[PDB]
Amino acid sequence: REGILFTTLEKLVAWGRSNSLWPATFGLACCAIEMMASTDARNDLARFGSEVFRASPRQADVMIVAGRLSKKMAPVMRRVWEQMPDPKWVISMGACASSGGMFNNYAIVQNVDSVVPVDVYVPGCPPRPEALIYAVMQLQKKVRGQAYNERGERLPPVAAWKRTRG
Amino acid sequence: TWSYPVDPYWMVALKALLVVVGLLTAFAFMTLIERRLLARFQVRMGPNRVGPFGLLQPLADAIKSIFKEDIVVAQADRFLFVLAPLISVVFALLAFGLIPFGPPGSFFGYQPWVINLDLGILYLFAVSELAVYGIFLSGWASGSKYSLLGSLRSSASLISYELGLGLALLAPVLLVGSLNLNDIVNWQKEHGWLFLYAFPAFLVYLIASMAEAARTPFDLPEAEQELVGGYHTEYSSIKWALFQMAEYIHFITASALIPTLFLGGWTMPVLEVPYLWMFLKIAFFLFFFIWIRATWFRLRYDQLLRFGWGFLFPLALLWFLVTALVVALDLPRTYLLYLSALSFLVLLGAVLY
Amino acid sequence: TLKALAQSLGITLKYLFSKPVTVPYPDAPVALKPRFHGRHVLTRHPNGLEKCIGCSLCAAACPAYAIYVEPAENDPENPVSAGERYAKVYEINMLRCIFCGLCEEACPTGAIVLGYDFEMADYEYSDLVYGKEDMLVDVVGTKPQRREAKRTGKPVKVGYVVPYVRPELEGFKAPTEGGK
Amino acid sequence: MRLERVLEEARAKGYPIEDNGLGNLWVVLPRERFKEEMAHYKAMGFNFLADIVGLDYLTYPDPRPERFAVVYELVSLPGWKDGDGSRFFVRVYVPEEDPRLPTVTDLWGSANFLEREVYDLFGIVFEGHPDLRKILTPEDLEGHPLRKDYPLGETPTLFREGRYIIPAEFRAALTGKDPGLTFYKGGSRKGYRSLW
Amino acid sequence: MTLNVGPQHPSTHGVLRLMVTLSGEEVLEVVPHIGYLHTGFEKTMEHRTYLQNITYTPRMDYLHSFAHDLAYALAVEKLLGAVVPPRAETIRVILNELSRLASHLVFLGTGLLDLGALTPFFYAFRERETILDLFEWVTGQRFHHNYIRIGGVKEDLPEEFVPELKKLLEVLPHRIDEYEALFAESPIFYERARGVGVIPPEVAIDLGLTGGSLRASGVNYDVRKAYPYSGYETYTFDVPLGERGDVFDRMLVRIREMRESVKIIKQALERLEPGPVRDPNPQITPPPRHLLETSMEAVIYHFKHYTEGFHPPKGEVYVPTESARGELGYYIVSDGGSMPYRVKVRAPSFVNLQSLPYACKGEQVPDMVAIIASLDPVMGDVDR
Amino acid sequence: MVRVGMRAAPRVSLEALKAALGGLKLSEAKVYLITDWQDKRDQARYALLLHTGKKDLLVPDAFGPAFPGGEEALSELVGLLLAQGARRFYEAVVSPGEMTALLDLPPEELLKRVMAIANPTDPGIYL
Ligand SMILES: CC(C)(C)c1ccc(CSc2cnn(C(C)(C)C)c(=O)c2Cl)cc1
Ligand code: SF4
Ligand code: SF4
Ligand code: SF4
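Protein chains in written order, with full-length UniProt numbering: chain A, 16 to 181; chain B, 2 to 354; chain S, 2 to 181; chain L, 1 to 196; chain F, 26 to 409; chain R, 1 to 127.
With the rest of the complex left out, here is chain A:
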C-alpha cells in the first residue's frame, strides 16, 4: 500500500525501489547510443541493479527519455507512460527532452515535463554515459527521500504521484 505508514518500512521499500530501478527502454534519438554505451563493456549501467532491461512498460519503473520527443510520438508515449505500474519514475535524458535543445521549432516538445512528470533532468549533447549514471544516482537518492533543491526543499520520492492524471 504505497510504501508508507511505518518509519522503518518506508525506508526499506524506498531503499529497494532506489537500487532496484528497472529501466524501461524508450530510445528516441542520438541520445540513445550514449545511453546504451552506459551499458557497454567500458561503462555498464548493469551494477546498480539495471543489468536486465524489460522493454515492456508493464514491468519496468524508470522511463529514460533518451532523445528528442517528437510530437507524433508524444501521445503514444503518453499511453506508454500510463502503461507503467504506478511505482514508476521518469527521467528526461538529453537536452532535446529536458529542454527544446537546439531544435526550437514546430516539430518538438520544448520540454517533456509537458506530457510526462519528469523526475530528473540531465543536460548534455550527448550526456556522457557516466552522466547518465550520475542522473540515476540523483534519482536514487531522490526516491530514497534524500534529495533537496536549491531552495532547500525535499523532493517527493516518486514524481508522477502529484498529477490528477485522469
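In silico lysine to any residue, SDA-like type, Cα no more than 25 Å apart, as pairs: (1) L:148 x L:64; (2) F:339 x L:182; (3) L:148 x R:98; (4) S:155 x B:50; (5) L:134 x R:111; (6) S:4 x B:303; (7) S:133 x L:159; (8) B:282 x B:265; (9) S:20 x S:10; (10) R:55 x R:111; (11) F:291 x F:249; (12) S:181 x S:116; (13) S:4 x B:344; (14) F:250 x L:78; (15) S:4 x F:209; (16) S:15 x B:49; (17) R:40 x A:178; (18) A:26 x B:56; (19) F:339 x L:194.
In short, the hints are calculated from the structure, not lab data.
Assemble chains B, S, L, F and R with the ligands onto chain A, guided by the hints.
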C-alpha cells in the same frame, strides 16, 4: 518403493516446505550468478554493487516486486489472468523431490528426498506438460493476440520437444526395468554412469531440455526484440515474478535431472559424498547451459519444429528399438557400450570436416 | 558448418577468463581527454581582473541561444574586467546548451571556455540555469555537487581525471596526471 | 555518355541548359513535355532516381517564374549492364495556386515516399500517386511546413528573472532580403566568390 | 492478422510503426509508418549561419555523421571555391573511415542482438568506446563532434592522437578477423540469412537501395569509385560486393569493408606530412586567434564572421558522398545571404526504406526483424 | 473566430465560456492553453484558443493561479473540456510581449502561429 523407507507425514510437509524455500533463494542467487557469468562472457563485469557480491540485490528486487502495483487489466479475463501463475509456479516447484541427494538417512536422520514414487518419469512428464499449460493459458488471458502468438509458439515448440522427451527416456528403462529414479541411481552405482550406454538418447534428451525454456530455440518466447512471448506483457508486481521463477525452476529441474538419469546423479565412485557431487554436477550443467545462453542464437520455432520432428524423435525411437533388441535378447550388456561409443564417435568426428 | 558452434563457445570462454575490461564509475575516475567539451568557466587574468569584457559574441554565435549577457561599465577604482566593459549578468541554460565550442572560439579574451565536468544532473528546470558565480574558475564543482557538500558536510569529490588541463584553462583546478 | 545524348536531344528541342562552373547540370522542362520526356529518359536507360527536392522560391531576392520548383535527379549506375555514370537534374516549376504534377510512380516506385514528402512539406499534390498519405508531420497538422509563409514556430529561451530572448528578433545573420543593420549591403555581403 | 508492431515496440530500433499484413507465421506484406522523429532539420537549417549549420549536420544520421559533415563542407566550398589543405583533407578521410568503423560496429551489434544472442554486441561496441576515446582526443566529444569547417578543420591534432590510433589499428584487424571466423562458417546464421531477403538488383535499383546491400545484389556502385571527391582517387581500395542479395552476403561485404577501411586508415596516416589546416581566406575562415591583439582588421573579421558570418554567391549546389547507408548529398540553395536559402538532404535510409514491403514479403515474422537490421536503418536519417 | 471574456477576470471569462460553449462536440477539436514562462507554473497565467474546426474561440490571459482564484477556474475549465470529449490538449509558449498583441492579430495569423508552435501537454498538470 520396495527398498526405501518413509518419513512421517509432518516430516514430509517440513521437507517439502524446505525444498520450496530453497528453490526460491536458489533461483534468486542463480539469477545473480547468471548475470555475473554472462558478464564474464561479455567482458563487462557484473554488479559489484549493493552486495558486496551482489547477494543483496535480489532482496531489493523482491521488495520492489511487492508494492509494485499488482494491476488487474481491464478488457482482460478477471479470473484466468490472476489464476494461471499459480498453475505455472505450483506445477513447476514439484517434480524435484524424486531426485536423490543421498542414501537414506543422509539428511541428518530421515531422508535426502521427499517422495520416491514407483512411476517417477511419468510424474515428471505429466507435471512438465502443466508448465506449458500455465504458459499458454497466461498468453491467452492477456487478451492481447500480440502475446497470444508468442504463447502459441511456446506451447507448440515445448510440446514437440516434450513428445521427444518420451522417446529419449524409453531406453534406460529397459536396462533398469523400474520407473523409480532411485533404482536407476543404484544401477548407476553398480554398472556405472548410464550415459556411457545411451549417450545418443542422452543427447536427444539434453537437446530436448534445451527447448524446454533453457535456451536456443529461444523461441520460448520472450517479448524482447521479437513477437512478444506469452506469460508476460500484462503482469506487474508478483505474477510476472511468478512466471520467471517457474521458468527458472523448470531450468534447474532439468539441469538436475539430466545428471540424475543418464550421468551420475551423485553416486560418485569417488568419496561417494551425498550432496556435494549432485550440487556440483547441477552447477556444471548450469555453466554449460549459460555458456549456451550467451553463446548461441535462436532457431525461429519453424526450423526448430522441423528439427525436433525430423531429427530428434526418429533418432530417439531408433535408439530405443536397438536397446530393446539388446535387452529382449538379454545376452550381453557390452554390445550397448560398444555401439554407444561408436555412436558418440560418429556424432563427434562428423564435426571437424 | 557445425564447427562454428564450438568455436563460438571457445571464444566466449576465452573472453570469460579475460576478466578486466571495464571502469566502475563513480568508484574509478573516468579518464577524460584534455580537449573535452564541458561546463563553461569564466577565467581571470593574473592581475585578478576577470577576462570577460561582455561583448555578447558568445550569445550571438550561440546556435542554441542559451547565453544572455547584461553588460555594465567597469568601475575604474575597483575594475572587474580588463577593458571598459564587463558582464554584469552571465547566465547559461545547460538544458539549452548543446556543447558546440563556438562560444570559446569567438571569445576574444578567452573568458568563456568549456570545462570538463559532466556530473550536472539536477531535478528542477529553473535550477539548471547556471549563473556566473556558479561557473567562475574560483569554484570547485557543479551545482548539485556543491549543494550536496553543503547538505552533507562532505567536501566536493570530482568524478573525473585528465592527463592535464589545457593552457586556455589557466587556473582550472583538476586532477593532473597524478602529481598530487 | 547518355548525358551527352540527352544534351544533343534536348538542345534541339529548345530546352535551356543551366550550368554553374562546378559540374552540375540542370535541364528545364515545361509541364506537359515533362512526363513523356522523362518516360523516354527511363527508356534512355535512366535507372536510378536519386532525389525529388521541393523548393519554395518565394523569399528569393530575384523573382522566379513560379513559387514552387520540384527537381528530380536521374542517374545511370556505372557498375550495372550499361554503366555510364551520367547524373543530372530535371527542374520543373509548379504554380502556387496550381500545385499539379504527374507522378513518376509508373516509371520508378522510388518516388512513392519522396513525392509524399513534398505534399507534406509543400502544397504540391502529385497526380497519379498510389497513396498520397502525409508521411512526416503529425496527422492532425494543418499546412505544409517548408514553405516560407509557414512559421518555423520558435519558442523563447528561458533565464532567471524575466530575462528572455525571441530568436527571430535576435538573429544577427542576414538572409538575402534583409538589407542589414547599416543602410544596405554591398560588396562581399551581397555575394562573394573567390577565383581559385 | 493486420498486426501493429507499434512505435519503439517490441524494441524495434529506429522508432517505427509496422502494420504487418500477415496470416500465420509468414509475412504477406508490411505497411510501414514513419515520421515519428521528424524534427525539421531541412527547415531549422535555413535559419543558421553557414558556420553554425555544422552543428546541425552530424546530429541527423548520428552513426556515420562525418559523411554529413564532409558533404555539407564540400557543397559550401564548391559554392564559394575554398581550398582544403591536403593535411586537412587527409584527416577528414581518416575520421570518415573511422566513424565508418564505429557505425558498422554498432550496426552489427544491434543486428546480432535483434534476433538470437546478445554477447557479441559488447566486444564490437567495446572497440567503439576505444574509437570514441580517439575522437574524444581530437574533437573533445564522443559523437556529434563539431570539428570540420568550410575551409578545413577547426584546429590541429595533438601529439597524443596518432599513438592511440596506431594501437587501435593494430588490434582491429585481429578483432575483425575473429568476428569473421565466428560468422562466415555460420551454423544457424547460414540457415537464417543466406536464403532470406530476396534482393533482385532490378528492384533494389528501382527503389534505389544504395545502403551497401545493393552490392550484396552484385552492383558495383560506390561513389568512392564512381565519384571520387576527397582523394579516394589516391587510395589502394577494395570495393566489396555480394553475389546474391541476402543477409549473409550483405554482412560479409560490410565486414570486408571494415578491414579495407582500416587499410585506408593506415594508408592515409602513413602519407601524413606537416602543413596547414584550413583555407586562410578571411571571408571563409575566421582570423587566427593570436593576432586579435594586433590588428583592427582582425577584430572586424572575427566579429563579423562570428555574428553575421559570410555571404556566398547566389546559386544552388550538391555534392554526393558514400555513407554507411549509401548515397548522400545536400541540395543547398544560397541566396547571397549569411544564411542558406534552403538545405535539402538526400537521406539514403529514407529512400532505402521503400524496399521493406518487398524484402520482408513472404519472409517469416521473426525474419522481418533481421531483414530490417540487414538494411541498417537510422530513423534520425529517415524521419529527418 | 469569437473573443469572449477579458484579461484577468477568471470568473467572468469562465461563466461566459460556459454559456457560449453549450453542447459543442469536441471529438476532433483542439485546445491551446497559451502561456509564458515554460517552467514556473506556480505563478503562471493562461490564455485559451479553442479550434473546433468549424469555428474558433478565444479567451485572453485570464486563467491560471497568477490571478486570485484562477487555478480553480482553470480546473473547472479543463474538467469541462474533458467532459465534452476533448483528448488533444496543447500549450503554446509565447513571450509576454507577444501574448497581448497576439489577440489583436487577424484570426488567420494568430491561429496559424499558435497551431504551428504548440507543445503537446498533459492536462493533468493544470488540474
Ligand atoms: C537493449 C538496448 C539498451 C541495447 C536497447 C535499447 C533501445 C532499443 C530501441 S531504441 C533504438 C535503438 N537503436 N537505434 C539505432 C540507431 C541503432 C537504429 C535506434 O535508432 C533506436 Cl530509436 C534497442 C536496444
Ligand atoms: S541532446 Fe544531442 S544527443 Fe541528445 S537527442 Fe538532442 S541532438 Fe541528440
Ligand atoms: S557550446 Fe553551449 S553556450 Fe556555447 S555556443 Fe554552443 S549551445 Fe551556446
Ligand atoms: S565572448 Fe568572451 S568576452 Fe565576449 S561576452 Fe562572451 S565571455 Fe565575455
